[PDB]
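A.B. asks: Single-letter residue listing:
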Amino acid sequence: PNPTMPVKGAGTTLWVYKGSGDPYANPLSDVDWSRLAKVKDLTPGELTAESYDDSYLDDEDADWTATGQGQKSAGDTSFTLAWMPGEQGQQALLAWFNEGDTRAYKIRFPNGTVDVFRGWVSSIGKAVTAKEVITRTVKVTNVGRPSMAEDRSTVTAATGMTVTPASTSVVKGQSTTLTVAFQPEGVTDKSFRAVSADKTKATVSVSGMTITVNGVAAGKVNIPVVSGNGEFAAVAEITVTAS
Amino acid sequence: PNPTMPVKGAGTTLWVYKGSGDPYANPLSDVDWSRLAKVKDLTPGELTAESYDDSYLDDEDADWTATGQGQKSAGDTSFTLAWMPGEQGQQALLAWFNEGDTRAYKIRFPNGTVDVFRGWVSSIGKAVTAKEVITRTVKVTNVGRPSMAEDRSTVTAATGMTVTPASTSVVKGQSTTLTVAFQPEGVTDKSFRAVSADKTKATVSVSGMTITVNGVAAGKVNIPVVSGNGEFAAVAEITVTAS
Amino acid sequence: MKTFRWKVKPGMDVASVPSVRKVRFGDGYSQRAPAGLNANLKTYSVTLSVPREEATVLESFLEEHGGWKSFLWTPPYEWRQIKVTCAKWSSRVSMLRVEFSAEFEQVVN
Amino acid sequence: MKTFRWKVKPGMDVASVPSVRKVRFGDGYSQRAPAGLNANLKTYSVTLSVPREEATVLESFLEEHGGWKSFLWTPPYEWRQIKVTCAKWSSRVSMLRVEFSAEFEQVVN
Amino acid sequence: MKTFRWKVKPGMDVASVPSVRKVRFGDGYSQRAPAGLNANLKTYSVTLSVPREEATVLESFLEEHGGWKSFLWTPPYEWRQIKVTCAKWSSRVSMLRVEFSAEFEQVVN
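In order, the protein sequence lines correspond to chains V, v, m, E and M.
Each position in the first sequence, counted from 1, maps to that position plus 3 in the entry's author numbering.
Each position in the second sequence, counted from 1, maps to that position plus 3 in the entry's author numbering.
Counting from 1, position 89 in the third sequence corresponds to residue 89 in the entry's author numbering; the numbering is continuous, with no gaps.
Counting from 1, position 29 in the fourth sequence corresponds to residue 29 in the entry's author numbering; the numbering is continuous, with no gaps.
Counting from 1, position 63 in the fifth sequence corresponds to residue 63 in the entry's author numbering; the numbering is continuous, with no gaps.
Hints in this document: simulated from the structure, not taken from any laboratory.
We treat Cβ as the ideally placed atom computed from N, Cα and C, and that holds for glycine.
Just so you know, not all the hints are guaranteed correct.
Going by beta-carbon spacing under 10 Å, a handful of chain m positions derived as facing chain M [to be verified]:
1) 2
2) 6
3) 12
4) 20
5) 35
6) 54
7) 55
8) 68
9) 69
10) 72
11) 76
12) 77
13) 81
14) 87
15) 90
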C-alpha cells in the first residue's frame, strides 16, 4: 500500500456512514460504516468551479480576457452494483433515497487512502437484460466540501495496542474502569470498540478512551475489544461478587 | 430464488392490474393480474429527484455549493414486446392507452421479488421490417409513489449469536476449525469478523465461516469474534501445546 | 420576540438613496446639504426559502409585529445588529417549500 | 353554498401588506401605530385546473356569490378555515381542461 | 476622503444631455442657444464588483459623502480627473461577492 506510486484501482470498496460522530474525523476506521458489495463500476465526483469576470475598464492590457475562481461544486458520484434487494446496504440505500437526507459515504482505494463525500441520492435506476446480472444504478449529488485523500497526508500507521484492565471484584451498584494503553510512539490515528460477552453478568460503557464495566450479575464476564478496522484486539476478564 | 445474491435477469415477467383492490397490498399474487407475455426487452423507470438550493448568506465556508433533495419522480418504464393484436392483454393495453387512466403494473424478477409501479401509457409504437418479428413498443409514465422490492423485504434481530470453538489442544503445523451459530431463530442478515487478541502465537483466518485457528507458536491464545458493529461478541480459547 | 433568527438567500438587494437637501434652478449653480442627522437608513429586499411547516412560524413572527414594532436583525452584509421594520412579506407556497419576499427598512426609534 | 372544495396546484401568492399609521419626524426618528384594531386580512392568488365538464360547476359556485358574499375555504398554507370572497375569477379554456385564475380575499364577515 | 479607487468592469453609460434653449418658428425655421454658460456635466452609470469583505469599505466611503459632497474620480473614458457625487449606490449581495450599481454625476463643485 504505497500512496506515492500509481495503483491499479482493483479492489476499490464503497461504504456509507451509519454512525453519529464526525464522519470526516476518522474515515480510516470502518466501525460505523456499511459496505455496499458487488460494485460493478464507479464514476467518482468531479470537483468543478465557476468563474467570475475579472476584467475592469481602467485595467491596462485589455487585449486578453481575465477571470477568477468562484464557488466550487463537489459534483455527482455515480455507480452501478449488482442488484440484491434482500441484502442490507441496498435496503439502506433505498431508505437513504426515500428519506432524502444528506449522509456521508467513503470510497476506499487500494492505496490505504480514503475519499469521503457528503451528499444525497438523486437517481435510482435498474438495468434488466437477459444473459447479464441485473444491476442497480445510483447517483449521489454531493453538497458542501468533501474530505479528499490529500488531506490525510500524515498517517502514523499505529501498529500497537494493549489493555491493562482492573480484572478485580465488582460489587452491585458500582462499576470499575479498565485501562487501555494505545501509545505506539504517541502519535495515533486509530480507534477501538469494546463490547461484552453475555450482556447479563456485566455491561460495558465506552466513550472517549475510557471503558467502564458494571457488574449487573455475579460470576466471570469476558470483554473483547477490537480496534479500528479489526487488525488489533484484546480480551479482558472481570469477576463480579454477589455480596 | 435468492434475493440476497445477484440474478441473471432471464425470466422477468410484466403484469397489468385488472382488479379493483389495492395493488400495493399483495403484489406477489397474480390473481387479479393480466400477463403481458412475449416481451422482447424491458427498461424499468429511473427514480429521480430534483434539487433545491440550500446556500444561505449567513453561512460560513461559502466556497462550496450546497443543495437538498427536492421532489421525487418515478420516471418512465419502456418495453418492446411481440405484436399479437388478436390476443387479450395487448387489446387491454390499447384500451389503457385509448382511455388514458392511471393503472398499476408490476415487474416480476427471478428472485421472488416484485416491483409494482402505477402510471399511464404515454407512447405506443410499431416496428415493421422483413426478416424479423413485428414489435410493439410501449412507454408508461409512472405517477405517485412506487412500491419497490426493498419495501417488501424484512429483517430479523432475534439475538442468536454464539461462538462454538473446539477450545482444545493443537500442535505446530496444524489448524483447528471454529463455528459460529448464524441462526437467530434461523433467519439472519448480519456480518461478523474474528481476530486474535495477541496475533503473536496463533493466527486466525475468516474463511467462509470456519475460523481457521493456526498454531504458529505455543501458549494459550484468545481470539475475539464480533458480529455486526458490536451488537454481540465472544472470545474463543486455543491451547497450543509445546510439541 | 425581538430578533429575526432566520437565514436569507444569496441574492439580496441593499438600497441606500440618502436624504439630502438640494437646491438647483435649471442647470446653474447647485448647493447640497446633508439634511437630517440619520441620513440613510438603507433597505434590504430579503428573500427566504423555508419548508412548508416553518412557514406558519415565520408568518406568525412577521404578523405579530404587523408593520409597526421594529425588531432586531443582523444582516449578512455588514454583520452589525440593527432595528428593522417589514411591511409586505409576500409569500409563495410551492409543493415542498415556501419562498418569502420581504422588505426590511431600518429604523432608529 | 358555503364551502370551496376545489384544490390549488402550482403555488399561490399570499400577500399580507398590513395597514399602519406612520409619521416620519426629522433627523431619523419616526412614530408607528397599527392603525386598525383586528390584524390584516391577507389575500391569496389562487389558480385551479379543472376538466372541461367540471368548469361549469365551478363557474356556477363562483357566480352564485357574485363578488359579494363569503364562502369557507381552508387554504393549503396554514390549514385554518377562513371566510373569503372572490371578485374576478378569470378563466382560460383549452382543448380538454380549463384553467381558472382568481384572487380570494379573506373577510371577517 | 477624496479619491475613488475602485474600478468599473462592464462598460458604463456616459450620458451627456446638454441643456439648450430652443424656439421653433413656423415654416421649418428655429432658433437655438446654449442656455447655460459652462458646458454639460455628463453622468456615468457605473457598476463595481467587489469581494464580500471590501464591500463594507466601499459602503463606508459612499456613505461618508452621503449623497451630497464630491469625490475625485478618473473615469476610464477620457482619463481626466473630475469631481463627482453619488446618490443611490444600490448593491446586490451574493455568495462570495457583492455587485454595486451606482450613478456618478459630475459636479463643478
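A.B. asks: Are the hints correct? Go through all of them and say.
C.D. replies: These are the hints, each one checked on the structure:
Here the hint on residue 2 (chain m) is broken, as its CB sits about 24 Å from the closest CB of chain M, past 10 Å. About 16 Å separates the beta-carbon of residue 6 (chain m) from the nearest beta-carbon of chain M, more than 10 Å, and the hint is not met. At a threshold of 10 Å, the smallest CB-CB gap from residue 12 (chain m) to chain M is about 5 Å, leaving the interface hint in force. Proximity of residue 20 (chain m) to chain M holds as hinted, the smallest CB-CB distance being about 4 Å (cut-off 10 Å).
The restraint placing residue 35 (chain m) at the interface with chain M holds, with a minimum CB-CB distance near 8 Å, inside the 10 Å limit. Look at residue 54 (chain m): its Cβ only gets to about 23 Å from chain M, farther than 10 Å, so that hint breaks. Using the Cβ-Cβ criterion of 10 Å, the hint placing residue 55 (chain m) at the interface with chain M is not satisfied: the shortest such distance is roughly 23 Å. At its closest, the beta carbon of residue 68 (chain m) sits 27 Å from a beta carbon of chain M; the interface hint therefore is violated under the 10 Å criterion.
The beta carbon of residue 69 (chain m) is not positioned within 10 Å of any beta carbon in chain M (closest approach about 26 Å), and the interface hint is therefore violated. Annotation: residue 72 (chain m) was flagged as interfacial toward chain M, and the flag is violated, the nearest CB pair being 19 Å apart, outside 10 Å. Interface restraint check for residue 76 (chain m): the shortest CB-CB distance to chain M comes to about 7 Å, inside 10 Å, so the restraint holds. Interface hint at residue 77 (chain m): satisfied, since its Cβ lies 6 Å from the closest Cβ of chain M, which is below the 10 Å cut-off.
Among the interface hints, the one on residue 81 (chain m) is violated; its C-beta lies about 15 Å from the nearest C-beta in chain M, farther than the 10 Å criterion. Interface hint at residue 87 (chain m): violated, since its Cβ lies 19 Å from the closest Cβ of chain M, which is beyond the 10 Å cut-off. Because the smallest distance between the Cβ of residue 90 (chain m) and any Cβ of chain M comes to about 19 Å, over 10 Å, the interface hint for this residue is violated.
When held up to the earlier numbered hints, the structure conflicts with 1, 2, 6, 7, 8, 9, 10, 13, 14 and 15 and fits the remainder.
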